[PDB]
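Heads up, the chain below is alone and in the form deposited in one PDB entry; it's given as structure tokens.
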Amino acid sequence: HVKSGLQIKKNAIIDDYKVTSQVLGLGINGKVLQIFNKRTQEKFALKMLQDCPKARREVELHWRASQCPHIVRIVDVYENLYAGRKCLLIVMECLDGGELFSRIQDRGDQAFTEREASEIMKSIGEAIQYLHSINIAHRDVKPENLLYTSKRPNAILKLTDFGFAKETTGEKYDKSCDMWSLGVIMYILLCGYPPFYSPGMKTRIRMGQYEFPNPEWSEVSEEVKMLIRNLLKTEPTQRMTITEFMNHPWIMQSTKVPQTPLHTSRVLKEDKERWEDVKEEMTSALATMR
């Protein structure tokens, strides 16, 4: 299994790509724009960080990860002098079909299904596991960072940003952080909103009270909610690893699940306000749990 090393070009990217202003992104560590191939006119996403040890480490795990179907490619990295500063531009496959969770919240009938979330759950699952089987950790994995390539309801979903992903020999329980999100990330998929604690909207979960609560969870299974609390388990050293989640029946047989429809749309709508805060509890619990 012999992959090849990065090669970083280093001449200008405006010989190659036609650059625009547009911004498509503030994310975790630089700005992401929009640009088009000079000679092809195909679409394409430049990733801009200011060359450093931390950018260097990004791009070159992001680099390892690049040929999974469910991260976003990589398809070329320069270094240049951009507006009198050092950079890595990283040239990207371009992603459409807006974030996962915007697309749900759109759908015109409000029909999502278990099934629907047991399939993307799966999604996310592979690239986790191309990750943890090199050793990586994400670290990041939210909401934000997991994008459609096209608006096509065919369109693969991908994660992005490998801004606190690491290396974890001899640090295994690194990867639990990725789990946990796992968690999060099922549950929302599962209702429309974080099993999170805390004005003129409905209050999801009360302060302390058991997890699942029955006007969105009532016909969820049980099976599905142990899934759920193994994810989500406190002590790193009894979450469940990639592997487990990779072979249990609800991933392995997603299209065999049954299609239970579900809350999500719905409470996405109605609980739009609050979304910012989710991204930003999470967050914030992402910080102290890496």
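If you superpose the two forms and keep the largest set of C-alpha atoms that fall within 1.5 Å, you have the rigid core. Residue numbers count along the first chain shown, from 1. What changes on going to the form deposited in another entry:
In a core superposition between these two forms, the Cα of 205 is the only one among 120, 205, 177, 75 shifting by 2 Å or more. For residue 96, the Cα coordinates differ by under 2 angstroms between these two forms after the core has been superposed. Once you line up the core between these two forms, the Cα of residue 219 stays within less than 2 Å of where it was. Core-superposed comparison between these two forms: the CA of residue 134 stays below a 2 Å shift.
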Second form
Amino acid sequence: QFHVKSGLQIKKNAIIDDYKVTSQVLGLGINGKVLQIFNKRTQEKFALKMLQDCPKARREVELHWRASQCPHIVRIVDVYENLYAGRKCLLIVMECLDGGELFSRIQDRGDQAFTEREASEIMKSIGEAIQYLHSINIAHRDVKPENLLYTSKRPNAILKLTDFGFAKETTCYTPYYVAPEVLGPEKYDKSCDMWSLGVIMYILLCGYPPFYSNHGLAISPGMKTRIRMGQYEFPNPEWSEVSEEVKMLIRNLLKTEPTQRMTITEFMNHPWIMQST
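So that was the form deposited in one PDB entry. Now I'd like the form deposited in another entry, please.
If you are looking for partners or other molecules, they are not here, because only the chain is given.
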């Protein structure tokens, strides 16, 4: 169900005319740091992402804007094109997400990890952001708990997808019978986002990832070949009481062949995900 949304109007006035820009770093993005800023008129707190103008920065702003129209993606308040040291730069003003990352909520749990009902609620809210992106032909390509931020510390807080630094747009017949591959032959794979959901889901349940380096390295040749081969297990200490329904859902998202992988529509209609209502 889609509606008529407004287009992006890039403001050209200096951002300092409207906002007080502090040097408090709220976070670090793929293509730029996120600073804490304040509206000069309302005194309201906002987050500012600073990108040097270039084709990759123009893509991030453009794709984030189209996605922003969804309650599960971090809202863009304004976008400014300003000059600094004779170089153009894009300044994205976004809403504040003070509830912390999903990475933090995961670390705070530790070895305790989450229940199948707690994990299905988290996965359903991540899946709502992915279903929106995929429905508007956008693959996030960097879905991880560090990029999913809570709006507030409250128990009614919304989990929001952020950082479109790696995002990519993924795009003579009778309408009723036209096959999907005939309509839009895919430029990029959304299926990499499905693999990320499988990785996050596995972590939510036991507290560790399905693939890692045995000696705590960031990446190792062994970790790479285990990913390529699909070499992972559900260790018995933590995975003992976990249902074979969620074990099979993870198996379908961690399929090494992207065309064998589960789609976002299938994931959002899975009983284990829909249990949350």
